[PDB]
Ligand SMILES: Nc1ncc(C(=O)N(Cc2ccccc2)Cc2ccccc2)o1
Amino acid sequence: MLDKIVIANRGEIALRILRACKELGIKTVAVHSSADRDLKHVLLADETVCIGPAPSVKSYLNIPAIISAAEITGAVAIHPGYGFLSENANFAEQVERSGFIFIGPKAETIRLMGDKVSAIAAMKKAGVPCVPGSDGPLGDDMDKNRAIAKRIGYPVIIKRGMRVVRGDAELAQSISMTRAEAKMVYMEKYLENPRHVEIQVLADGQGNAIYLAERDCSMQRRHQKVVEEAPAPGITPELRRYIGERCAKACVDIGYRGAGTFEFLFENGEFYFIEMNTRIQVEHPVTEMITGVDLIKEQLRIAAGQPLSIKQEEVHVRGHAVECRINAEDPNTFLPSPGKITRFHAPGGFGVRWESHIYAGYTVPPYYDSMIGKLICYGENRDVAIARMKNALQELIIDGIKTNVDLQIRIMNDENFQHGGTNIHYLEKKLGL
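Please render the chain's structure by itself; use the form deposited without the named molecule.
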């Protein structure tokens, strides 16, 4: 197993990673910004290295600084975490060219899924369901244009008030009208009220891949996830098998290695590929609760060249989990609201999981994002899970800053949310956004 690793990220995730390393007997190097001196994981790592000033561009984004840190400490691999350089193909290539192991997929692969086109194209071949439409451009002949629309199913759009065709009568006009807007067009199937269901995978690089059920991330605000849960309500074992197996196959055909996620749009029992995150996600714990798999350790094994420990048959969905992201932000602008936390109290109990680096007297800096933690409650059913969350949030205390707690509470209390199956627009809708 791996000797030492560099945790190339900060906050929450960093801490998550550290714990996982410790458990595995792996030495930790913590790279930090002068401003992240007081971070919890930093305080807990084995080695430490301040890579640069406060600003991300000069610290967390500084490849060179990062690489060298690895050279000096004599670290073998690097863990990108999520959101920084996690999906930056250079870094990846660079790390490897440098003599270190990149905890994630091949740069090649990253480049591939980096552009919709190739991604989609790759997806198509692999049998991954994508949004139907017109292969090439859309011509003059109304007979076949309309045959297309039948094929794909109204409503559809043709890619000024924006316009959605709901039937034949309108087809021709909207089509022409758009061509007129130049002085070369296409038709795409319309997804009015879809849900956001993403599939979780693991691949060893040696031919093995596995799906680990799904997650519903429909509760979003400004295209940013707020609540996440697993498994996805409404999803059947059969529907789960179908898209999971398609997903794994793809993985195989693409030489995927590590953890990855496939994000789909789900409407009327159908899936439509949106994108692949070629890294672990913030929402992973939701899945860990349900399968009992530790995504992070598994990621560490793969990197070491261990193949997949798990077989699909050993993967089992049990119970239900919900996650509430917790942020320090402006209730109106949604911007981070930096400051010193005067009082903190975490919630506890059965089925309660707290993932945060914050602490009492800890100062939230303005240079980064606003997320300060995540709360995951598990339960034998959805309902139990929701109930735990209700309480947990009630027990949670964070003074000295503006949070998001109130809204989460309000969401847990939502009629429809408790009913389940809301869509990607419900949230903004209920807020007035």
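Between two forms, the rigid core is defined as the largest C-alpha subset superposing within 1.5 Å. Positions refer to the first chain, counted from 1. First, how it differs from the form solved in complex with the named molecule.
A149 shows a C-alpha shift of 2 Å or greater between these two forms [criterion: core-superposed Cα displacement of 2 Å]. Shown in the overlay between these two forms, fitted on the rigid core, is a CA shift at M177 of 2 Å or greater. Put simply, the small part of the chain turns as a rigid block by 50° against the big part between these two forms, using C-alpha fits.
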The other form holds:
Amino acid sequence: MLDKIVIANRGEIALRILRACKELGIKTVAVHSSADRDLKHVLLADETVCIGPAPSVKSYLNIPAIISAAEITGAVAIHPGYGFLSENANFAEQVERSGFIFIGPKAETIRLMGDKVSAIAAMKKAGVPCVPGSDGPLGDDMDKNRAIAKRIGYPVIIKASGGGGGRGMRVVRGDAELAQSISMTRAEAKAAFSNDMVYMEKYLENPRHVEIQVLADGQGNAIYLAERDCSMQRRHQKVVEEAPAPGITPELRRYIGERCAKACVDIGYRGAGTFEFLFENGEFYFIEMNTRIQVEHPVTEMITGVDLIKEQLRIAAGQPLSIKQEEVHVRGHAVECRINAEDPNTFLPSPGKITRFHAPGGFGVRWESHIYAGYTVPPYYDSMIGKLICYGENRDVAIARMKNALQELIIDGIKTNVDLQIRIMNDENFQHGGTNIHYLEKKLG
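With the form deposited without the named molecule in hand, show me what the form solved in complex with the named molecule looks like.
Next up is only this chain, free of partner chains and other molecules.
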């Protein structure tokens, strides 16, 4: 087992990782900004290192500082969590070049998945179903581009290769808008990603967002751990996630899961990863892969019993997966509600000091958060301050438990989305299940 690791993150995920480390007897180093001295996981860590002032650029994105902290403490590995540097291939490369273990895939794999065009080509080659599309970057020849659009059939969508997570894309419904749409997506991609490469896909009007969790070790084992529906979202920000995905049969699960695990083997994948699909009219279409552990991982843990962070750490130490595919069984149902410090009317971040706090409890209730009474939510970081995950023997029990748990949750002193989450749990279409990626925005409007 890894002797000591740096937790190169903050907030709830840093605490999640610290818990996994403690369970495994791994020493912890909490690197933190000067604004984050009183984070729960910082206070629980074996060693702490202040790596910079509040703004992320000089702390949680500060590569030299994070690597120096690993050097000075005698740490052997760095877990990037999610966000920040978790999908930064150059960081992963520098970490490994510096002699430390990066808890993630090989840097080349991170780079591959960060290049949406090359990722699609790799997945398509491996036998994973992808969205009908250009199968390559679009050039400047608008006769050729119209031809590609005709072949796919309108509506189409132009996406940035260096983009992802719903960012850097626009829908085109005919020839008249194609040139300008490509031109604009390209300009925006160059500005945001210093990469003006773009591609085309068939636009799917009302899909669900369904993603498959995988784990792969360095011994050649690769497994899938069912799926998550993350369709309840607002402006490419997930709000509620659940597992398994309603209406997905064990036969479909098996079909798509096996293809994802096959692709892992083909590409030499290692660690945790997520294959994102659009799911419409009973069909899966791969859009992108994430190499990090994600915010929504806990719902998968609840329905499979696999501790995904512990598996990450085991894999990095050179241990094989703790479970075989024939041992993975979907049992019950789990729902996650993200808890955000945000104003209900503007949806802008609402930082400040928490004056009263109470967490829910009971059977099937899991609360993932660093917050406590008297804790100040800083303005410098993301608005998500916690995750409430409820598990049941079925979806209706999970939802019932979530409603009860949301009613117990007290967070005074700041504005939160608890009321919104209660409305979602009480929503009759959500209660039916299978609502699409556009539902929440329509409901709110």
